Structures are given as structure tokens and as C-alpha cells.
Amino acid sequence: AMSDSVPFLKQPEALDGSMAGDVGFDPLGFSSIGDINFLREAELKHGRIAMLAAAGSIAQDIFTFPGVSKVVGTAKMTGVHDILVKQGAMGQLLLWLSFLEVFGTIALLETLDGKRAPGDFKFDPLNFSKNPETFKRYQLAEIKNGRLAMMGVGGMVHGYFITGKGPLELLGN
Amino acid sequence: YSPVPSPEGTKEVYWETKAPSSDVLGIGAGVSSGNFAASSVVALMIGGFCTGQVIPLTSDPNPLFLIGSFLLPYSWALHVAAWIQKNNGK
Amino acid sequence: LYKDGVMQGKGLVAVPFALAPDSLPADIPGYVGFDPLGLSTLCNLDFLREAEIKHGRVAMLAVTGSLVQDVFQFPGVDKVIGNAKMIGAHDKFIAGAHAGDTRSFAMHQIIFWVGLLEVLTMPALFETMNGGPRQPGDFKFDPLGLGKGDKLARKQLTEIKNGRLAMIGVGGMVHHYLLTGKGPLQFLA
Ligand code: CLA
Ligand code: CLA
Ligand code: CLA
Ligand SMILES: CC1=C(C#C/C(C)=C/C=C/C(C)=C/C=C/C=C(C)/C=C/C=C(\C)C#CC2=C(C)C[C@@H](O)CC2(C)C)C(C)(C)C[C@H](O)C1
Ligand SMILES: CC1=C(C#C/C(C)=C/C=C/C(C)=C/C=C/C=C(C)/C=C/C=C(\C)C#CC2=C(C)C[C@@H](O)CC2(C)C)C(C)(C)C[C@H](O)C1
Ligand SMILES: CC1=C(C#C/C(C)=C/C=C\C(C)=C\C=C/C=C(C)/C=C/C=C(\C)C#CC2=C(C)C[C@@H](O)CC2(C)C)C(C)(C)C[C@H](O)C1
Ligand SMILES: CC1=C(C#C/C(C)=C/C=C/C(C)=C/C=C/C=C(C)/C=C/C=C(C)/C=C/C2=C(C)CCCC2(C)C)C(C)(C)C[C@H](O)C1
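Protein chains in written order, with our numbering: chain A, 1 to 173; chain B, 1 to 90; chain C, 1 to 189.
Honestly, the hints are just simulated from the structure, not real lab data. Careful: at least some of the hints might be erroneous.
[To be verified] Ranges of calculated distance between the beta carbons of each label pair, as one might list FRET restraints:
| id | chain 1 | residue 1 | chain 2 | residue 2 | range |
| --- | --- | --- | --- | --- | --- |
| 1 | A | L112 | C | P75 | 54 to 64 Å |
| 2 | C | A14 | B | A19 | 21 to 31 Å |
| 3 | A | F161 | B | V4 | 53 to 63 Å |
| 4 | C | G100 | B | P7 | 52 to 62 Å |
| 5 | C | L144 | B | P7 | 49 to 59 Å |
| 6 | C | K54 | A | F103 | 49 to 59 Å |
| 7 | A | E133 | C | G76 | 50 to 60 Å |
| 8 | B | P7 | C | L37 | 27 to 37 Å |
Built from N, CA and C at the ideal position, the CB exists for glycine as well.
Using the sequences plus the hints, can you model the full thing?
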């Protein structure tokens, strides 16, 4: 039994294919070390935070909120972080996300006992998982867009490091 | 006398064979010996390189090389785990 | 194997007074009989075969780049490197990367990506050396599906032979550089 993504390599033992986006991709064998539920919860958190970060980088190129342009000047992307650490935006967001992540710590503790699916916060206010096939399709789409947004945020921020422009300022010329 | 308590999941790892069982590696019990040996070589190289970068220590050391210098004592435990997994048929 | 017992495999003896080791088997593509120094006894056979194949494939890419870089240079390479080629180029790329030039980072990019590929393909070595179903050199990389049948066998032979041939060629193309400079086609003519 060889892995589908890497055909010359043996299939990982902790990868069943039951999870969304499972193509059997683990050449370094990380799933043998960690719990797979912990690893999937980490992957979902990294991917969702990266989805919000990618959308935020694009939107902060597109437009700015009222008054932000005087506080930050012309210091787009990660350059605002330091500035807004001098202001109170970053501390406020850190406090509220720390609250949410205390409750996420309780949720992870319940995941590690086998009584919670990884990344399952049961947050579906506008009901979209109304059918068990749309649920699988949305799970695959969430994990794929999370990985894509992880690498997209990496690209946007490191290209900003080289150029100082931004994701859409770079495409402007 | 009274029962001595242990944390949950505590097993008997006493061994008299050539190598210990893989359970003594804890979370690394399922890592193959080749992966352990490769990681030990890589950890030695990275730790030695980072250490040699920070041997003329200044008042502003690079944090990345400071973190990477800790892989040099990690590589010892890695090659011990490599020997254990190699003599455990893994 | 392709012409087994005639071109490769059983019976063939390359050096009659220095027989190859009897530990060296007879069903590896490229076995002609040639191990006069008995160097197959000093290492794992899977490691030796896959090392030979990897050295050969890298040498094949090195010869076909060594000729083409004499023939064709990509647009704008003249601005960074200029009139240098082969052993010089590597050096001055790093020198440019040492100078501060943010556009001469070619060898750092290739060392990054080739090292990542080697790191990710190390478990193929580890499973091959444990008697796994993967044979040395087999990464199952056949996009065009051309060696999908018996045609593979011939190809295997030619691969190792061309690999060995390429392995010699680079060495000439390097040491012939180190005495004179110039390049393979500048040295031929
Ligand atoms: C990783 C996520 C992330 C992070 C760290 C930041 C960080 C920042 N943003 Mg940004 N932003 C994000 C995502 C993110 N954003 C997204 C997703 C958008 C919309 C596409 C924006 C749009 C945006 C604008 C327009 C502006 C900023 C600005 C800023 C800076 C000041 C803070 C502020 O006013 O934010 C304001 C940001 C918002 C009000 C967006 C909130 C939208 C959230 C993500 C919706 C989440 C709903 C979700 C369903 C609830 C789930 C709860 C729970 C179940 C998990 C700060 C550096 C300002 C700045 O300095 O610009 C240079 C500014 O003008 N952001
Ligand atoms: C690619 C996007 C995407 C998709 C397909 C999903 C899919 C899913 N999520 Mg999920 N999620 C995402 C992003 C996504 N998520 C992000 C970024 C966060 C962090 C805020 C979360 C947080 C989250 C939680 C906390 C939970 C889920 C849950 C779920 C599942 C329930 C079905 C559902 O509501 O999804 C339907 C989702 C969509 C149809 C996606 C809508 C896409 C919007 C409309 C577009 C956004 C536009 C953007 C804001 C504007 C950009 C501006 C531009 C200038 C850049 C499902 C598998 C729940 C679950 O698994 O249990 C039931 C659950 O508990 N998600
Ligand atoms: C051992 C391999 C090797 C190495 C180390 C180099 C090194 C170099 N080449 Mg070179 N080159 C090679 C092979 C190689 N080449 C091959 C095989 C060709 C085509 C026949 C070329 C064609 C070429 C040109 C035209 C130019 C260079 C140039 C350069 C220099 C700058 C780096 C660069 O942009 O490369 C560019 C290299 C390429 C675009 C070739 C990469 C093609 C790869 C090998 C195809 C692999 C396909 C295969 C299916 C992948 C399998 C992967 C895995 C499954 C095993 C550098 C000294 C430039 C220079 O400085 O000129 C002096 C330049 O202008 N090379
Ligand atoms: C699985 C497999 C592996 C694979 C792998 C891959 C390589 C995994 C590597 C993954 C990387 C890509 C993870 C990326 C996370 C991105 C997020 C967390 C960053 C979010 C940005 C932050 C929140 C922000 C910022 C924000 C603020 C502060 C300022 C704003 O002005 C801007 C902004 C809005 C952007 C390998 C190959 C190793 C093999 C192994 O066998 C198994
Ligand atoms: C689930 C929950 C929902 C909620 C929700 C949330 C709001 C859903 C939204 C999820 C959103 C945030 C998805 C974001 C995806 C980012 C994509 C993958 C990436 C692009 C990055 C790559 C391509 C790139 C980059 C590239 C390079 C690097 C650099 C640049 O020069 C160029 C470029 C930009 C092209 C709601 C409330 C609706 C209801 C539901 O009941 C429950
Ligand atoms: C004749 C004969 C036979 C035979 C045979 C034999 C014995 C063959 C012998 C071959 C020899 C002697 C090859 C020697 C070297 C080749 C190398 C290292 C290749 C590439 C080097 C490179 C790229 C380099 C480099 C460099 C780079 C890139 C970076 C620089 O900073 C440094 C540097 C300059 C070092 C057979 C078997 C048929 C039997 C027959 O009866 C007799
Ligand atoms: C906010 C802030 C900051 C910050 C910051 C931030 C926001 C930093 C974010 C960094 C992130 C998200 C980095 C991601 C890097 C991803 C990489 C290298 C992926 C490589 C993929 C590879 C090699 C291969 C991929 C692949 C390929 C092609 C082939 C194989 C398969 C596959 C795996 C698909 C600071 C630090 C500047 C400070 C500032 O004062 C405040």
C-alpha cells in the first residue's frame, strides 16, 4: 500500500483517508509522532487564520477604515503591526483572541478525549451543512483553501518584505 | 504499603534484551530508525553550525542561532533512539 | 534483463584476473562483471546502486547543461555573470550573493529546492534499504508512460550506461576547464 500523492513511498499508518483532504501526504512521518486529531486541529487553525490573513491583506490594499490612514500613514502590511502595538489595536485584538483561545483550549482538551471532531466548534449560523454531501464538499474546500491561504499569506508577506509594496500593489505594475 | 500512584498510561518498560522496547521513546515510538538517524545527523550539523555562529558571543546574539544551538544535544538522544529503533526491527 | 547473459547479467566477466565478488548478484541492470577492487563488500548494495544512479543522473543533467550553456544563455544572465561559465559561475553567483546583489541568488534557490527534494525523498532510501518493494532508482516517475511495458528493461540498461558515460564527461569538462578556462565547445574547437 503506497501513498497516492507520493507513489514511491509507503502509505502513512496514521492516515486513513477518512479526513478531508487526506491524500496520504506525510513523507517525514509527522502523523506517527503527534495525535492526528491534534495535528488536524492545528492545521485547521493555521489555515483559518491564514484565510483571514490573506483576505485581510487583499482588503487593506483595497481600502482602509476611516481614520486609519493618519495613524499608520503609508506603512502597509506588517509595518502597521509595530505602529498599532504603540496604539491599542493589537493589544485589544490579542486580549479578545486570547479569550477565544482559552475556550479553544477547552475545545482541544475535549478533542483529545475523542469527544470532539478536530476544528469542530459547531459554528454554522447560516445553515450550509444541510446535507451530508455538501458537508464533505465544504470540508474538502475548507482544508484546501486553508492550505492555499497558508502559502498565499507566506507569499504575500515575504514579497512585501522584498518590495515594500503589498499583494495588490505588486500586481499594479 | 499504601499503593504508590503513577500517571495514567504508565507501563512496565523494564528490559533485559539487547535494546529497550520502543515505548521508552514515548511519542517517538513509531518513528523509524532511518528517520531518527537522518534527524540526528541533520541536528548535529545545524546545532554545530549555529553554535559556531554564536561562539564569539556578543550582547546582541541572533535568536535563531541560539534556538538552533539546542539541536546539538538533541542529536545525541536522536542517535540513541536510532539505535533503539534499529535494534527493535524498525 | 535486456539481452541477459549477453549484454549484462550471468556469465559475463569484465576483468578475468580480478573476479567480481560473489556477493554482488547478477540481476541488477548494468551488471557486466566489473568490480575488480571488491568495493561492493564495503557498503550496502541498495545504497551503492541508488548512489550510482543518482551520481549518473546528476552527471547527465550536468553534461547537457555544460554544452547548452556554451551554446545558449538565458536573457539577462550577461548582466549578472557576464562572460563566465562552468566552475566560475557558481562561485561568482555566491560572490554576488556575498556582495549584496539581490538578483544573483540562483545557486541558493537551486540548493534550497534540491535539498528539500532530497530531504523529502530520504524515506525512499530508508524503505529501499529495508528490503521494501521499491528498487533503487525507481521513483515511479513516468509521466509520458513510455517505459510502461517490456520497453523499460532496455531503457534501464541504457540509463545506467549513459549515466556512467555522463559521469566521466563532467570530470573532463571540469578539469579541462581548471587548466585553461573556456568551456567544452570552446575547448573542442
Ligand atoms: C488574520 C486575520 C487578520 C489580522 C491579524 C488583521 C489585522 C489588522 N487589520 Mg485586518 N482584515 C481581516 C483580517 C485580519 N486583519 C479580514 C478578514 C478583513 C476583511 C476582508 C480585514 C479588513 C481590514 C481593513 C479594511 C482594515 C484592517 C486593518 C487591520 C489592522 C488594525 C485592526 C483593525 O482595525 O482591523 C479591522 C478588521 C476588521 C474589522 C475585519 C474583521 C473581520 C473578521 C475576520 C470577521 C470574522 C467573522 C467570523 C465568522 C467570526 C468567527 C468567530 C469564531 C467562531 C471564530 C490590523 C493589523 C486596518 C488597517 O490598519 O489597515 C491598514 C483597516 O483599515 N483590516
Ligand atoms: C474557504 C472558506 C471556508 C469554507 C468552505 C468553510 C467550510 C466549513 N466551515 Mg469554516 N471557517 C473559515 C473558512 C471556511 N470554512 C474561516 C476563515 C474561519 C475562521 C473565521 C472558519 C471558522 C469555522 C468554525 C469556527 C466552524 C467552521 C465550520 C465549517 C463547516 C460548516 C459548514 C459551513 O458553515 O461552511 C460554509 C462556508 C462557506 C460557504 C464559505 C463562505 C465564504 C464567504 C461567503 C466568502 C468570504 C468573503 C470575504 C469575507 C470577503 C473578502 C474581501 C476581499 C476584499 C478580500 C464547513 C466544513 C464549522 C464546523 O466544522 O462544524 C459545523 C465550525 O464550527 N468554520
Ligand atoms: C546538473 C544540472 C545543472 C546545473 C547545476 C546547472 C547550473 C546552471 N545553469 Mg544550467 N542547464 C542544465 C543543467 C544544469 N545547470 C540543463 C539540463 C539544461 C538544459 C539542456 C540547462 C540549461 C541552461 C541554460 C540555457 C542556462 C543555464 C544556466 C545555469 C546557471 C544559472 C542557474 C540557472 O538558471 O539554471 C538554469 C537551468 C535550467 C533552466 C535547466 C533546468 C532543467 C531541469 C534540469 C529539467 C529537469 C526535468 C526533470 C523531469 C526533473 C526531474 C526531477 C526529479 C523527479 C528527479 C548555473 C551555473 C544559465 C547560465 O548562467 O548560463 C551560463 C543559462 O542561461 N542552464
Ligand atoms: C504536511 C507535510 C509537510 C508540508 C508542509 C507545509 C510546508 C506546512 C508549512 C506551512 C505554513 C505555510 C503555515 C502558514 C500559516 C499562515 C498563518 C498562520 C500566518 C498568518 C498571518 C498572521 C496571522 C498575520 C499578519 C496580519 C497582521 C499581523 C498585520 C497586517 O498588516 C497583515 C496581516 C493581516 C497579514 C512537509 C512537506 C514538511 C512534509 C511532512 O511529512 C508533512
Ligand atoms: C463558516 C461560517 C461563515 C464564515 C466565514 C468566512 C468569512 C469564510 C471566508 C474564508 C475566506 C477568508 C477565504 C480566504 C481564502 C484565501 C485564498 C485561499 C487565497 C489566496 C492566496 C493565494 C492564492 C495568493 C497570493 C498571491 C501571491 C502570493 C502574492 C500576490 O502578489 C498575488 C496573489 C494575491 C495572487 C459564515 C459566517 C459566512 C456562515 C457560515 O454558516 C459559518
Ligand atoms: C579508461 C578505462 C576505464 C575507466 C575509467 C575511469 C577510472 C574513469 C575515471 C574518471 C575520473 C578520473 C573522473 C574524475 C573526476 C570527475 C568528477 C569529480 C566530475 C565532476 C566534477 C565537478 C562537477 C566539479 C567541481 C567543482 C565545482 C562544481 C565547484 C567548484 O567550487 C570546485 C570544483 C572545481 C571541484 C574502464 C573502466 C573502461 C576500464 C578500461 O580498461 C580503462
Ligand atoms: C506581524 C509581524 C511580523 C510578521 C509576520 C508574518 C505575517 C509572517 C508570516 C509568515 C508565513 C505565513 C510564512 C510562510 C511560509 C511558507 C513557506 C516557506 C512555504 C514553502 C513551501 C515550499 C518550499 C514548497 C511547497 C510545495 C512545492 C512547491 C513542492 C512540493 C509540495 C509543496 C509543499 C506543495 C514580523 C515578524 C515581520 C514583525 C513585525 O513587527 C510584526
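Fill in: Outcome for the supplied range 49 to 59 Å, where the beta carbon pair is C/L144 and B/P7
holds (57 Å)
Worksheet item: Does the Cβ distance between A/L112 and C/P75 fall inside 54 to 64 Å?
Response: Roughly 56 Å apart at Cβ, these two residues keep to the hinted range, so it holds.
Discussion item. Verify the CB-CB distance for A/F161 and B/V4 against the hinted window 53 to 63 Å.
Written reply: holds (56 Å)
Worksheet item: Has the hinted range 49 to 59 Å been met by the Cβ atoms of C/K54 and A/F103?
Response: Distance hint for C/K54, A/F103 holds at roughly 51 Å.
Worksheet item: Does the Cβ-Cβ separation between C/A14 and B/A19 fall within 21 to 31 Å?
Response: Cβ of C/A14 to Cβ of B/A19: about 42 Å, so the range 21 to 31 Å is violated.
Discussion item. Taking the Cβ atom of B/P7 and the Cβ atom of C/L37, is their distance within the range 27 to 37 Å?
Written reply: violated (57 Å)
Fill in: Outcome of range test on Cβ distance (A/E133, C/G76; 50 to 60 Å)
holds (51 Å)
Worksheet item: Within 52 to 62 Å or not, the Cβ separation of C/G100 and B/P7?
Response: Given about 55 Å between the Cβ atoms, the range holds.
Comparing the model with each earlier hint shows violations of hints 2 and 8; every other hint is respected.
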